[PDB]
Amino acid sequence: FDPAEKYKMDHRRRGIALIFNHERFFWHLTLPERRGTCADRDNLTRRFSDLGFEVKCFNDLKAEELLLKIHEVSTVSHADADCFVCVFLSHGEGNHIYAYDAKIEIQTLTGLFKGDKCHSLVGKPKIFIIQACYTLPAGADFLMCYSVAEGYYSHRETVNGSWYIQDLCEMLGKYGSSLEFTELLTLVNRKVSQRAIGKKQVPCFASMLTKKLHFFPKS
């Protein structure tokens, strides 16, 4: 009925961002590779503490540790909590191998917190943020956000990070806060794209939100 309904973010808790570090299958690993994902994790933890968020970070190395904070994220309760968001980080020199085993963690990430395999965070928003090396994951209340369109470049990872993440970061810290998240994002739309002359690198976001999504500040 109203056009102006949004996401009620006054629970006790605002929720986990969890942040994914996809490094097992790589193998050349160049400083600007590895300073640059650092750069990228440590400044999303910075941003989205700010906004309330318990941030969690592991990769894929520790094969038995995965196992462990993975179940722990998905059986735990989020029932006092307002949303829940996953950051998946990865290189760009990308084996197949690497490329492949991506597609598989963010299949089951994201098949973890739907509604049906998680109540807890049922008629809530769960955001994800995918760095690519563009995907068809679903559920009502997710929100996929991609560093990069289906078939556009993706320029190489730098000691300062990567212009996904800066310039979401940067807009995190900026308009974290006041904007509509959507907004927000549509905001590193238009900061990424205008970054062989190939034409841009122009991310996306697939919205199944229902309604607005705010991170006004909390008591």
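Under this definition, the rigid core comprises the largest set of C-alpha atoms superposing within 1.5 Å between the forms. Residue numbers count along the first chain shown, from 1. First, how it differs from the form deposited in another entry.
- Summarising the superposition on the core between the two forms, the listed residues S49, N189, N59, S177 contain exactly one with a Cα shift of 2 Å or larger, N59.
- With the core held fixed between the two forms, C38 has its Cα displaced by under 2 Å.
- Core-superposed comparison between the two forms: the C-alpha position of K114 differs by less than 2 Å.
- Put the two forms on the same core and the Cα of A99 is off by 2 Å or more between the two forms.
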Contents of the next structure:
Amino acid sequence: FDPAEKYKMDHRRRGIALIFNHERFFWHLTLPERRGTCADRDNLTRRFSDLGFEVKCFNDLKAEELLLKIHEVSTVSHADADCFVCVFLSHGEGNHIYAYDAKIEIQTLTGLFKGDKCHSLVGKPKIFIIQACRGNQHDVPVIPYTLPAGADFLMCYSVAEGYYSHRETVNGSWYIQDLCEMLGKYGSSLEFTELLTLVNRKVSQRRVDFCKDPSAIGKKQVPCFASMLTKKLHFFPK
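If the structure you just shared is the form deposited in one PDB entry, then what does the corresponding form deposited in another entry look like?
No partner chains or extra molecules come along with it, only the chain itself.
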């Protein structure tokens, strides 16, 4: 048993990074436009490409087309790849995000990549990054062998469950900005979860300094990653 064991990241390809980018929504949903999300998408495209990923972006898909796309990806072989990344930039609540015309349960998306559904990813990291609200609380400032089919998922959320997640209308989301900065500086050397912990510290330093809603001033946000990984994860240059 080896405490330093790492995932084997010496396949021919790093793998695919899917980005689902949602800027606007069917009017009946009554959701506002997500100005700043294009910055987030472009930033991720750049950082993820630099780490060897084949980045595919889709903008404002309807739920049926998104599910179709994601179903396609989960059924092509990843035998040649180190890992898989899937990013969602949208509005959200509870345990769902919004496509153009309807909400989708996060579980619906991750389920397609479970071991018994997606064999060529068994034993490999399956990484989901979600920038969306997770509820309606606004956090406040304070002053200081076989494998399980569920294994090897890493869920990276911009915010802990129950809370608002923040976005600047030009620079993009707090979380994606800080994630991309840390990937830019440390992505090809730091263990990924340690990298995410740095992200938690960056984001938790931010505060709402300006807002159209005065009662939001000073409010806060901490991200949260949920790991079912079984080994150390690195993106060393290939």
